[PDB]
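This report concerns only the one structure given below.
Here the complex is missing a single protein chain, while all its other protein chains stay put.
Naming follows writing order (A and B), and every chain is counted from residue 1.
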Amino acid sequence: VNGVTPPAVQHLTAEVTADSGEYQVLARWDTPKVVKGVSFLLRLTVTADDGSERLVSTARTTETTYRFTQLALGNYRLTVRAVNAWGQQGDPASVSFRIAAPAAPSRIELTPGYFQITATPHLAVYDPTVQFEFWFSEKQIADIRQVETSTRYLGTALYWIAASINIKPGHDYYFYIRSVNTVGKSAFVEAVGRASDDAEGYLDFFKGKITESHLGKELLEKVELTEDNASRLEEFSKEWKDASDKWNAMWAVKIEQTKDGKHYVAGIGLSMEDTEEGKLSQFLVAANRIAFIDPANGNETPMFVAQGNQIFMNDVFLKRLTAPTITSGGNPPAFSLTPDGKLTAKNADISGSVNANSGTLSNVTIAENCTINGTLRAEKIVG
Amino acid sequence: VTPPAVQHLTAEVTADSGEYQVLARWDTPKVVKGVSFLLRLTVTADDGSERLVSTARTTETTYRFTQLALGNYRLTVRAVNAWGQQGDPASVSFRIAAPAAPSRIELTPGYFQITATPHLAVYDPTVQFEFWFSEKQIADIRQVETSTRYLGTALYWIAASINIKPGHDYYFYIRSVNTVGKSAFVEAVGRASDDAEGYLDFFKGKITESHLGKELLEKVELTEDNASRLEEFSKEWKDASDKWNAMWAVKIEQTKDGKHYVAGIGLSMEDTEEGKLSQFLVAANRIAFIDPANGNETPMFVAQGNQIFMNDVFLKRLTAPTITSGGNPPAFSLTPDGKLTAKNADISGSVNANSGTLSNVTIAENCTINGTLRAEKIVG
Partner (left out) sequence: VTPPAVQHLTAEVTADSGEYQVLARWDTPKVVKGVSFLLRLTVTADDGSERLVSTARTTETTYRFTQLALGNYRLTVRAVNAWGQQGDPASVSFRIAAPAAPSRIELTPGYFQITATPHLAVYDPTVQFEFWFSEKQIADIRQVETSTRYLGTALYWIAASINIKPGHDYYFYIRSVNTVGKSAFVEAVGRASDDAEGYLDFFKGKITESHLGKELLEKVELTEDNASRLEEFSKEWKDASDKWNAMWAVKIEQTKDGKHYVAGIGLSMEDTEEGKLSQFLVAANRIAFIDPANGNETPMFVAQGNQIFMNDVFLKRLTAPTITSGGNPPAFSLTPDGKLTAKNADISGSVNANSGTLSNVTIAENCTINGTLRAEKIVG
């Protein structure tokens, strides 16, 4: 025999890829004669900023190919050996590569809307060749790797405006944004967002949708009865193809009058019109006052009512409310809460604590420990 | 194993097929791959003793008893498995004999309405009531059924309709009605609450005194026990005062067990001093709003018996003489009379108050006093 030491490899190549994200590297080369194998021992180290090394992996194969899987982006150096059956290590070779990626978006801002949400993201420094890729989600995803799968891919711009019928107010939505450009893709920056919440801020929105439809441009905005004094109490069902060449439907009762040189109308209409992506139903009732009742044993008082923007309910169990304003009624409100935060009360019992930044009383009475860690001042004392 | 208990037993009294019949229905907690049920119906003797009448062993969830005469009865069910392990029993006492005379009567006024409710000298849950309304006193009971208003037949009857106005003393003549028959009539002397307003009592009042009100109520046509009627129409007419009256309604009525049943939907504008005033009035026992996107089926808005359910909602200002969170102990709650109730409250500012009732205090800095201090055990 001869324990001949294995002369080092040449034509050592590293190929960098990003198959499932989390970049890998495929190490490959060629060799002349081998004895009871002649192993290949590999080890791969990243140069830190200052020129010192992290150990990243090792590898004990026999063929002239290998792959390194969970990777971070860093300046990597891969060294390959050649040990023989006895275990006498040949001279090394080494190759160096990088994985340069765009800088993350440093802060992304998230102004609400009406059934919509804007992310406008910004980088720590200005970058001319950066454009961000946005993926939207409704549930905080576990880790910042499976976003490539479990989060819808919105699109890619300098910003995005997610509108739909499904971004619903007071349910937070997490935006996942990664910077992209010619050089690669960064990590995923996460952020939360909302919809505006503001109640009366939704009603104008709805008015706007309503108006731009079959029932808006039929039940109202219809210009018949051109003679003072009439009652064209009308009721039909029309379905037809549109300029988009899709079917649309409405069936209504339109009633309307002319008296004293002025017009009126009231209008129970039901439809389903097309949209770019699907069909939106709708059941729009315009009238000077709406109310319902349970007629049980002679009872005729409506269960609810509403008439030019004031709606009259007996008792409700709400899943959750959310008004900026509350009153006992009257003009000493027995209690109140206002858009500023003030909880106007009368007699305010609390089974728990009151972490208040301050007090402002007359007549106090503590039945156990009264601690003072500040500058206590007093006039007359008898205890 | 024993099959579980008997759930939802009932003690009812039918006379549909020409004579009296006692049905019951029983549903199973969890169903045990071959549940059987013994059920025992027995009578009370003149000495108040127990006599067996009918024992049925069946594997079905309902049964009927036919050719059953007058008297008081007791009905039990047990569950028996294949191996023969009779379970816990569930037993209800019922009666085939009735019409007692109502002992007291309860009267609650209201805006254009007045509640008459029965009180029977002994309770009996196999009974409903006929109500008759009179504007003039009827001395003899014979024309009480003939020369008055047929209010109807039900449980708790409130007087509220077009013929009812504040300030007149109305009368009630009511009796007990069942499968057996009806009793000696009883009277009461009662008055509507004129106008107390609530905040919808004005809207009821507005509603009653309208053409929709007259159409979709107090039209009591089609009165054939266990029959019914539908109409979808639009009757436009010119009124007394030389003006139009438009209207469109969908009205359904039925009659069953002597009692009158109805609902529907109206859209109308009448004539007021200014001119026309449009509408949509629904009356019914449950209304209910649905959104079928994705084939989701859960309402967002369900109202029955003057109450609402609603999922999430938003608002420009609540106006509300009381709130809770719900709970036998409600997590928080403002009272109409100004009291607040909470397990906690963390204010990021200043607590302007009159007084204090604090078992513990922990003031972190300066405490200015301009009055008198009284501290038992003092350190410093």
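Just so it is clear, contacts are C-beta pairs under 8 Å (C-beta built on N, C-alpha and C of every residue); 3 or more make two chains touch, one makes a residue touch a chain.
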item: Residue among B:31, B:69, B:101 or B:363 touching the omitted chain; value: B:363
item: Identified contact with the non-displayed chain, of A:94, A:131 or A:211; value: A:211
item: Sole residue of B:56, B:105, B:188 or B:342 that reaches the chain not shown, by the stated touch rule; value: B:342
item: Absent chain, residues of chain A that touch it; value: 165, 168-170, 194, 196-200, 202-204, 206-207, 209-211, 220, 237, 239, 246-249, 251, 264-267, 270-272, 274, 278-288, 290, 292, 295, 306-324, 326, 337-379, 381, 383
item: Contact set of chain B toward the excluded chain (per top definition); value: 5-9, 11, 50, 88-93, 122-123, 125, 198-199, 226-230, 232, 250, 252, 254, 256-257, 259, 261-265, 278, 280, 282, 284-293, 296-302, 304-305, 307, 309-328, 330-332, 338, 340, 342-380
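The rule is short, and it goes like this: only the chains that are shown with their structure count from here on.
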item: Gap in Å, rounded to a whole number, between the CA centres of chain B and chain A; value: 44
